[PDB]
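A.B. asks: So you can see what is in the structure, the chains are spelled out below.
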Amino acid sequence: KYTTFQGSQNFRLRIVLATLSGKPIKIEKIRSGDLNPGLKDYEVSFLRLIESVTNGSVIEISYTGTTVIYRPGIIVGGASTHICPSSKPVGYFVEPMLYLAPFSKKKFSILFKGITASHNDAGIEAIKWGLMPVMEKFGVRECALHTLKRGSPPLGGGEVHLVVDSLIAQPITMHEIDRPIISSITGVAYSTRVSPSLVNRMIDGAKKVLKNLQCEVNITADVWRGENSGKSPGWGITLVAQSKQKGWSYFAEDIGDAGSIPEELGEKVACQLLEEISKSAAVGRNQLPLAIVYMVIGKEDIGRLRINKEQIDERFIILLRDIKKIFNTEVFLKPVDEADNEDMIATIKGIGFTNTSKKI
Amino acid sequence: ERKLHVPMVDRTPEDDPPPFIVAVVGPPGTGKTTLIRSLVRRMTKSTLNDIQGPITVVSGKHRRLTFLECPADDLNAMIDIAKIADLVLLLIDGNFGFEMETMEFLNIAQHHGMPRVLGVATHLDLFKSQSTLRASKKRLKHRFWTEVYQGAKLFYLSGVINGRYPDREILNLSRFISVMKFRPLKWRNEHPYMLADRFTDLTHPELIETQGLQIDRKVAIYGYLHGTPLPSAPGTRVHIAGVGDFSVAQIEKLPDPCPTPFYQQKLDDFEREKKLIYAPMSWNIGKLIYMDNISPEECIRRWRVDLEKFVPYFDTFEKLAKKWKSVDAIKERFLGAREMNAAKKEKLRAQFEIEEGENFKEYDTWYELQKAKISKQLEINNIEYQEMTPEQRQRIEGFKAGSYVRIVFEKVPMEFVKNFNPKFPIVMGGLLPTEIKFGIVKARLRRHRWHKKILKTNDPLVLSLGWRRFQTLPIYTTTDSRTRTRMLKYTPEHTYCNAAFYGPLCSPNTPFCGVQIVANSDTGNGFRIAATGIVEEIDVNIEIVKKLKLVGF
Amino acid sequence: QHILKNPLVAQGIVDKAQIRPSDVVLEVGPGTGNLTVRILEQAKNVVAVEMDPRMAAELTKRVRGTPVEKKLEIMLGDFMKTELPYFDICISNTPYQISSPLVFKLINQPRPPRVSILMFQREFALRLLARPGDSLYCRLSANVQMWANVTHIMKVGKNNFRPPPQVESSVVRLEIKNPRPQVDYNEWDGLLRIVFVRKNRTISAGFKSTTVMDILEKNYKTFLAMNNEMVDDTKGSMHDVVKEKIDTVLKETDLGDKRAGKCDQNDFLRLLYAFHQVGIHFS
Amino acid sequence: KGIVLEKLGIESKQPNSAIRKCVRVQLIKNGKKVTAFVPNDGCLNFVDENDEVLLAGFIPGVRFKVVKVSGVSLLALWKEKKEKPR
Amino acid sequence: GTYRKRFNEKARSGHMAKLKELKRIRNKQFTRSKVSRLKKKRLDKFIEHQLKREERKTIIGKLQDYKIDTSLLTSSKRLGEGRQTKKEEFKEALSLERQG
Amino acid sequence: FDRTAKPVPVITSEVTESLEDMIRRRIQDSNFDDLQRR
Amino acid sequence: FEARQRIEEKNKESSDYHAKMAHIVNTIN
RNA sequence: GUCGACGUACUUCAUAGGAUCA
RNA sequence: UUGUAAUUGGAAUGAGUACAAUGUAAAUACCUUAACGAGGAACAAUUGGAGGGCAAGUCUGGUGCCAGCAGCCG
Ligand SMILES: Nc1nc2c(ncn2[C@@H]2O[C@H](COP(=O)(O)OP(=O)(O)OP(=O)(O)O)[C@@H](O)[C@H]2O)c(=O)[nH]1
Ligand SMILES: [Mg+2]
Ligand SMILES: [Mg+2]
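From first to last, the protein sequence lines stand for chains SH, SI, NL, SR, NS, NA and ST.
Read in order, the letters of the first sequence correspond to residues 7 to 366 in the authors' numbering.
Read in order, the letters of the second sequence correspond to residues 51 to 324, 352 to 359, 547 to 568, 606 to 638, 716 to 739, 746 to 937 in the authors' numbering.
Read in order, the letters of the third sequence correspond to residues 36 to 318 in the authors' numbering.
Read in order, the letters of the fourth sequence correspond to residues 50 to 107, 117 to 144 in the authors' numbering.
Read in order, the letters of the fifth sequence correspond to residues 2 to 33, 87 to 154 in the authors' numbering.
Read in order, the letters of the sixth sequence correspond to residues 347 to 384 in the authors' numbering.
Read in order, the letters of the seventh sequence correspond to residues 761 to 789 in the authors' numbering.
Check before you lean on any hint, since a few could be wrong.
Said to hold, decoys possible - Have a look at the derived ranges for each label pair, beta carbon to beta carbon:
1. SI:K723 with NL:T117: 47 to 57 Å
2. NL:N262 with NS:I114: 32 to 42 Å
3. SR:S66 with NL:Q77: 31 to 41 Å
4. SI:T196 with SH:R54: 55 to 65 Å
5. SI:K723 with NL:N262: 38 to 48 Å
6. SH:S92 with NL:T117: 21 to 31 Å
7. SR:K78 with SI:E733: 28 to 38 Å
8. SI:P63 with NS:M17: 36 to 46 Å
9. NL:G192 with SR:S66: 27 to 37 Å
As the list claims (entries may be wrong) - Here are the simulated DSSO-like cross-link-like pairs (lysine-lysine), alpha carbons at most 30 Å apart as the crow flies:
10. SI:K303 with SH:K330
11. SH:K29 with SH:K143
12. SI:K739 with NS:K140
13. NA:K352 with ST:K770
14. NS:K93 with SI:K725
15. NL:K270 with NL:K234
16. SH:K252 with NL:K51
17. NS:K94 with SI:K632
18. SR:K56 with SR:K126
19. SI:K626 with SI:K725
20. NL:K278 with NL:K234
21. NL:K51 with NL:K106
22. SH:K285 with SH:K237
23. NS:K93 with NS:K19
24. NS:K94 with NL:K253
25. SR:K126 with SR:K139
26. NL:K140 with NS:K6
27. NL:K190 with NS:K88
28. NS:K19 with SH:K250
29. SH:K365 with SH:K113
30. SH:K250 with SI:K757
Hints were generated in silico from the structure; no laboratory data involved.
Cβ coordinates follow ideal geometry from the N, Cα and C atoms, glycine included.
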């Protein structure tokens, strides 16, 4: 009757994958042993968001809150506003909406309100220059995330408008069996309610680490001040390494806490960016789950994506098992014929998914 | 210009395709059975005294045919054969002429995806004059051309001797089938289906006696798979026409019971390196990932935390800083930006390919370009499947068409086992996720032109959506110049009208046909195809509204 | 004055500017503000330089009581005279009379804009876009191409402007080069000026002019003076040595017999390096 | 021959309007997109997305009219003498 | 008609051979895809451009080797003048005296 | 049921806010359209 | 209250339709 | 690259004049 | 003295059916011909174009009761 899961691990993914598959699921024993058991405030909010963009879905939260029954309906989208609790930033809620937006009866036009950055969730730039570019490669031609106002922690106060105008039957079959060549490094260093000197110093730090490279480095300085700057001081940097030949991008992001040296943050994100590149083959680790999910829901054909062995970590394994539990799909991994590197080709057969919600 | 068409995908497997289903459909007494016996004798040189259910016969070196005699007096059968038959041998009584059943089947086939149709006229020996015989043939042929197409082949059979048709015409008919090619149809190339060859009940008889005959049964169905590959894992939802929706408890492939001669020769060829009729009814990381017993952390260490944290795990800042003091080990990824001159040129050529190779990297027509992209992807499928092992291939793609498989269903109603007639075909069809959901279906529907009476709102109508047949109460509406959805009392006499009904959902563009009467007792003499339409939208609610007027003085 | 009325070309200009949401735009020649409203729609904030106070007031009235009102800033004055703020992009429909200065000002801004979309008259734009060996290749082309890269966006005709002008127009894209190439602007321009008096003659013939010899001799004497070497300063003391130096450099560079209009950037750089080697500095 | 992409005037309020009879078709030979007329909205019911349509020469700017859909004449369908095969 | 494209040239190779021979005799007096051609042209232009860039970089480096200020040097703008006023003469005299 | 005429507008707090912001905007620049003596 | 809502609602439906008609007619010509 | 020239195919703007009557 | 007939009278005939004969290498057909074969002569001529009129019906616009679109839907 119900495919049963355990714990709060991959809460968003399991709900999203259930919605795409249409298979009812049950998530039980959610933080049973904790002092405060059951769903968190932000988890409930995400469920509210899922209900807004869908019709016919049925959600039951147990009395103690440690069990969730989710019977998905059709994705319908539409225009709506969502208030994100301070516990999580907007990026926590925007990221799952990317998975569902391109296969909706009506365009997603959602205004997310709350904190716009955090230490553990996707930033505004990470979605704009890191994830939607992956979506565009898969057939989502037009999609935008407008930053009406930035809200830094703890008080937040930001506003972002997500618009996904493209509606597609399914993602195109992926065929990427090479290591993309990085052509240039870009980035955005933003700050709120503070002097411009911080953004300059962050750019100075990142440029020191990246100077030895052989590609151009140009980091944007986006200093926000005034009414649109939010309610608290904050500053963060996002660096993206761009491969113009095939439109692939690798990114690393982080934000600064009060009293931290801006230069150190710039250096750290630059160092992290290089770590991601060394560990990545076609897509970064943080972009990998989106790529795999989109391949699973393509046409009934064999899509190939090159992945480095460094990307096959605990997170990758759990993702595949959840996909197999819901979709019964198995990712076949074969070594590459080359010897210079130890990359592997992840071949995924699509399930024949199609966007039936859209009217003709 | 006439070569151009809408590009589509043909899912027929490159190797070992399933037999083509040949349905012999016609009114009672036209000679369906005697046609099958004559055809079977020609291809196999043996006469079948009695035929029941599908019969698979070898028709060539690498070609097989599955003959199925549709019950002439059932309309439900005629619907579901029409949804699976690759070829339809349309029997027409030449002396009598066309009948309603012949016309009823064609209309069903036209709305559900027209298959190959061959008209076969019998009883021509009953004519007494050669002149009137030619006139009937000319009238019969031209009427047949309107339904199917202009210039369609129509075969003429004179008389039955020893329960067999004349040898010459059967030879002509046999060759015509052999060189035939079949179009790619949208429905059949998107869903997995199978015509059951034999039927077996696996219920332990002890359970039959302890609990009684009323207990639900476990049944095994054997037959060739068609259409898209069927997934290997159990739990797949399938709909058996005229029974209901079930789940695949178990599935496992068997040796082909009617191997084509080319296949046996190839198999015996391997034996060196180291029957024509079948009518039964008559530490690798990949493995470690999918061992759920082994914890993911345990897996990682053997061959060498959660997605809530979007930012991936990184080493400490100081350790990363030392690791990336020098940029080496990633210089390959980044663009470079008397004998050495050649080395420079080779570098520059490589740089040029990266920078502008994609822009520069032809077929005459846009149609051929699309067919090139489709064929390339089918090529890539074949290469990968050859690379993976047979056990891995079955795990990934599932059981491809042409496979002879055993499928076991649990909780099957006992009436199916008890009231089992081999004459009536058993058609199983896979269901996509949308077929599972129930809800309101918005469609464009029109009364069939030959149907005498117009349809009424909230009047039962038997709809044929996908693999499924069911009765519902539709509400015929109108757009009111695209302002509101106004309830109509009846369908328009000679035009379309929007219709809303509750039933199992299906993808848009799915055509359907509707009937009011399926029982033979109430058939009467009129046309039984009452409505035709195409589903436009699927939804959980609808806002039909009706005009209400208040009257005063 | 000439005012554009075609909306398609304005939309194309603003689009091809490729304004990022974090870009500050310098918009010269605001006029009524058909471009300004759209630039405001997709920019961080707009700084406008207007000469006519009436037109600035009308623009302010148009933008009053709108969500983009706080974004706009208007500077009043002459564009050349004003000292301008930092701007990332330039989008100008300014009167053509200041076309040539504008360009070089954009080139010599302390932080030059990464991209600029400028409308000029067809002849001026083609001279900007001219390649070596072309008929219209001129000093402007060489200088701008050394300091930037100019490409053609579109051809704007006469009918679009009311009242119709007597000259056709075109929109071009100017992309200043970052980092700035390391050559003194004065010396580059001086060499070009000496060699482009008649671009279809031999470069030697360009250096035959008596006043050119006088200037080069005075420059040579000044160069010797700066190096603490003692120089006579008579009018004709160093004429014969400078003549020989010019002859030798022209001969060895093989550029004596090459027309200036057919010489590319590298040829002039080679000549400049040779003259610096032998000791002649132009400006 | 062409592929019916979308019915642009399907939503227009005024019945049997000139706009209502236009269909956006993609020419198969070269892939260029063009506009074609339908004789009347009654015929527009037969035409739906993703059918092969045979176009012939004919709101200015529309120079083509549909004569066959799915290999069957529209006039035959409009006169209730044939069924569209799918 | 002599050298027109044939449906299957491979199936009539011998025929093709004759044609070639004929051409070689007929046109003896003279002898005595779009994408591919454009790709060759752009490749040639690209390699030429890169070589020019390297040369330019070397020359600019050597120019930095030889660099001075330009305040005292007389600009080439004076080429047209050909005669100076007493104000200009006085300015030049003062400048030279400052130089010493 | 259809309505024949425009409904009587209601002065809600938002309407008053917009009106007074309008007046403040107009008076800030002294934009008064008043009769001028001839 | 409902009367005001309908007029406001019908206003948006008409405005979108007229704009959405305009885009279609522009594309065809 | 909303690049230039050419070739090809189209679109478009320039139609009213005399006599009588009110 | 004009038009309209599911009005009406008894005469004519072949499309078709068919003994037969002729035809033909044998046949089919044609030409002949016993016997059948007509009122809705339902033994049921077609392909295009133009113009209407009807409502407790629908949509759009506004110097009221109107105009345009159109109307298989009341
Ligand atoms: N004279 C003549 N009789 C025929 C012809 N075709 C069939 N028949 C006769 O028709 C009768 C029925 O033939 P069948 O083969 O049973 O036809 P069927 O399709 O099986 O009929 P059902 O099974 O009852 O649905 C037999 O007696 C045949 O001899 C024909 O061309 N001429
Ligand atoms: Mg039978
Ligand atoms: Mg005859």
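A.B. asks: Determine for every hint whether it applies to the structure shown.
C.D. replies: Hint check results:
no.: 1; hint: SI:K723 with NL:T117: 47 to 57 Å; result: 51 Å, holds
no.: 2; hint: NL:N262 with NS:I114: 32 to 42 Å; result: 23 Å, violated
no.: 3; hint: SR:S66 with NL:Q77: 31 to 41 Å; result: 36 Å, holds
no.: 4; hint: SI:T196 with SH:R54: 55 to 65 Å; result: 59 Å, holds
no.: 5; hint: SI:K723 with NL:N262: 38 to 48 Å; result: 44 Å, holds
no.: 6; hint: SH:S92 with NL:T117: 21 to 31 Å; result: 46 Å, violated
no.: 7; hint: SR:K78 with SI:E733: 28 to 38 Å; result: 34 Å, holds
no.: 8; hint: SI:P63 with NS:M17: 36 to 46 Å; result: 39 Å, holds
no.: 9; hint: NL:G192 with SR:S66: 27 to 37 Å; result: 36 Å, holds
no.: 10; hint: SI:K303 with SH:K330; result: 22 Å, holds
no.: 11; hint: SH:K29 with SH:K143; result: 27 Å, holds
no.: 12; hint: SI:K739 with NS:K140; result: 70 Å, violated
no.: 13; hint: NA:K352 with ST:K770; result: 12 Å, holds
no.: 14; hint: NS:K93 with SI:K725; result: 17 Å, holds
no.: 15; hint: NL:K270 with NL:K234; result: 29 Å, holds
no.: 16; hint: SH:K252 with NL:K51; result: 22 Å, holds
no.: 17; hint: NS:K94 with SI:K632; result: 28 Å, holds
no.: 18; hint: SR:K56 with SR:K126; result: 16 Å, holds
no.: 19; hint: SI:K626 with SI:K725; result: 27 Å, holds
no.: 20; hint: NL:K278 with NL:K234; result: 21 Å, holds
no.: 21; hint: NL:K51 with NL:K106; result: 21 Å, holds
no.: 22; hint: SH:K285 with SH:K237; result: 37 Å, violated
no.: 23; hint: NS:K93 with NS:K19; result: 33 Å, violated
no.: 24; hint: NS:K94 with NL:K253; result: 51 Å, violated
no.: 25; hint: SR:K126 with SR:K139; result: 14 Å, holds
no.: 26; hint: NL:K140 with NS:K6; result: 61 Å, violated
no.: 27; hint: NL:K190 with NS:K88; result: 28 Å, holds
no.: 28; hint: NS:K19 with SH:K250; result: 51 Å, violated
no.: 29; hint: SH:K365 with SH:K113; result: 12 Å, holds
no.: 30; hint: SH:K250 with SI:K757; result: 24 Å, holds
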